[PDB]
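The chain below stands alone and is given as structure tokens, in the form deposited in one PDB entry.
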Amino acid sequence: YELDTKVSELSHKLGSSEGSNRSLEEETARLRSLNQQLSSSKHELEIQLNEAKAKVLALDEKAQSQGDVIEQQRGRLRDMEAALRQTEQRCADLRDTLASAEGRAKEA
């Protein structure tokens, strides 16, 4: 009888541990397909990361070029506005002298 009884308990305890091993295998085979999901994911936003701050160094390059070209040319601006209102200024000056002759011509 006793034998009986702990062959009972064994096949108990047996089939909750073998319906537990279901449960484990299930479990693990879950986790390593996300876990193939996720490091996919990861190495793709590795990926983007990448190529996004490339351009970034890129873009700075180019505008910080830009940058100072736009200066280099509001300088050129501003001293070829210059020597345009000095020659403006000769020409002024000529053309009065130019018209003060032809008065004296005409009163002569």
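Residue numbers count along the first chain shown, from 1. Just so we're on the same page, rigid core means the largest C-alpha set that superposes within 1.5 Å between forms. What changes on going to the form deposited in another entry:
In a core superposition between the two forms, the Cα of 95 is the only one among 85, 12, 95, 22 shifting by 2 Å or more.
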The other form holds:
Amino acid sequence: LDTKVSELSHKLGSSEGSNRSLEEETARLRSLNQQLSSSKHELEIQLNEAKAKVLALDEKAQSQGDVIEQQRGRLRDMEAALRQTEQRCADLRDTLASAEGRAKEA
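What's the form deposited in another entry like, now that we've got the form deposited in one PDB entry?
The text that comes after this line covers the one chain and nothing more.
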């Protein structure tokens, strides 16, 4: 019975020593988990803000691109209208000079 008491005390000591270490580790892990869970929540807030800014910038860039192309088209049409109006001027000048020449003959 004396040998049994010794064997059990011995097994209990080993088990309890292991237990105190495991209780420390559970406490350590619960703490790290709380910290990671907080960082995760924080990164989610920051990501949502950054993703929001991307969408706003995407819409601005797409709208700006449309404006540029609309203005490009309008500039082309204006260049054409100006070239044609100046050409009508030049033609009127020549027709006037020709009518003056016709009239001179008398």
